[PDB]
Amino acid sequence: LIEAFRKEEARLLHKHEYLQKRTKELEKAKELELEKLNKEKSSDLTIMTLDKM
Amino acid sequence: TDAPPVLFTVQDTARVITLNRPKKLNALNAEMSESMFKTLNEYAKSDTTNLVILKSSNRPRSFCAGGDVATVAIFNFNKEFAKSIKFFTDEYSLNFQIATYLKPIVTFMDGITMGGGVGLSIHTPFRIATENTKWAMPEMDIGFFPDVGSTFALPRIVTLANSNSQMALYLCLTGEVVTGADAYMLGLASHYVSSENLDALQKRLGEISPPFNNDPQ
Numbered sequence: 107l108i109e110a111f112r113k114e115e116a117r118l119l120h121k122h123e124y125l126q127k128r129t130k131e132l133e134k135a136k137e138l139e140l141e142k143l144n145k146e147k148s149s150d151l152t153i154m155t156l157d158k159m
Numbered sequence: 034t035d036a037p038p039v040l041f042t043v044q045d046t047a048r049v050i051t052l053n054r055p056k057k058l059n060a061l062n063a064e065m066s067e068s069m070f071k072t073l074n075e076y077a078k079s080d081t082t083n084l085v086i087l088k089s090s091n092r093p094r095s096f097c098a099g100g101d102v103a104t105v106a107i108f109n110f111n112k113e114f115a116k117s118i119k120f121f122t123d124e125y126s127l128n129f130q131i132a133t134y135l136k137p138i139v140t141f142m143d144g145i146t147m148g149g150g151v152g153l154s155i156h157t158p159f160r161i162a163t164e165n166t167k168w169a170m171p172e173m174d175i176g177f178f179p180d181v182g183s184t185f186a187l188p189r190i191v192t193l194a195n196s197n198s199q200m201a202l203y204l205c206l207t208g209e210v211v212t213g214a215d216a217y218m219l220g221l222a223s224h225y226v227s228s229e230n231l232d233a234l235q236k237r238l239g240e241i242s243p244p245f246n247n248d249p250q
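First to last, the protein sequences are chains A and B. The UniProt record's numbering applies: residue 107 is where the first sequence begins, and numbers increase by one. The UniProt record's numbering applies: residue 34 is where the second sequence begins, and numbers increase by one.
Bear in mind the hints are in silico, worked out from the structure with no lab data behind them. One or more of the hints may lead you astray.
[As the list claims (entries may be wrong)] The calculated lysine-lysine pairs, modelled on DSS-like cross-linking and capped at a C-alpha distance of 30 Å, are:
1. A/147 <-> B/116
2. B/56 <-> B/78
3. B/71 <-> A/142
4. A/158 <-> B/112
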């Protein structure tokens, strides 16, 4: 029972840390993915635009 | 926010390039040349573009009064020689792209076509002139040379008194201005079309397409 209580507490704390690390990674990956999307490519020259208007 | 120097638009299967510097008579700077050079490479790869149409938004006042050499002069006075060499690498590279372009390019020389403007049309087999056309190469008065491959084109396209490049030398060394019908008869213009008919022609150019299994090239 002592091993059960201490393994459970460790698991809960280890799970919070893993989620925090995973979320931060996902957030960084989303920023990188979005930055690639916003990167201008040469094909974009063939897309008609009316930026001024 | 500011009006783009060169405007690109779709005309059915034709891609219209319009020079948009009316206050400068459509003078060509490094920005304009770079934009046109890059967009033409994309259109060359595209399989939906059959031809390109190079016109101005200032017609009949001017098509292109020439490369922006006044800015290149300031660079020389400021020793900004890197800036000057960028201006000529872009312009001359665009003139080389137009000359070797595999798809038809149709230039509407509806107005003053002097200097860089000549480079935009002289290298296209479809260079249309109008009553408002004013072709000239006034470089001898500014201390420069006949640029934009005019020393390769004029000696090969002029029609009269050009057996030994005599007429080509006359236009390049005297800076004589040729107007409308005369430009067509000398070989400076491939076709002579009234300015009023340019709208209709543009629409017809967008509507025609290669038949069956023939590419636009």
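Hinted pair residue 56 of chain B and residue 78 of chain B, Cα distance within 30 Å: Roughly 33 Å between the alpha carbons, so the hint for residue 56 of chain B and residue 78 of chain B is violated.
Quickly compare the C-alpha distance for residue 158 of chain A and residue 112 of chain B to 30 Å and report which way the hint goes. violated (34 Å)
Taking only the CA atoms, is the gap from residue 147 of chain A to residue 116 of chain B under or equal to 30 Å? holds (25 Å)
Is the hinted pair residue 71 of chain B and residue 142 of chain A satisfied, with a Cα-Cα distance of at most 30 Å? holds (21 Å)
The earlier numbered hints that this structure contradicts are 2 and 4.
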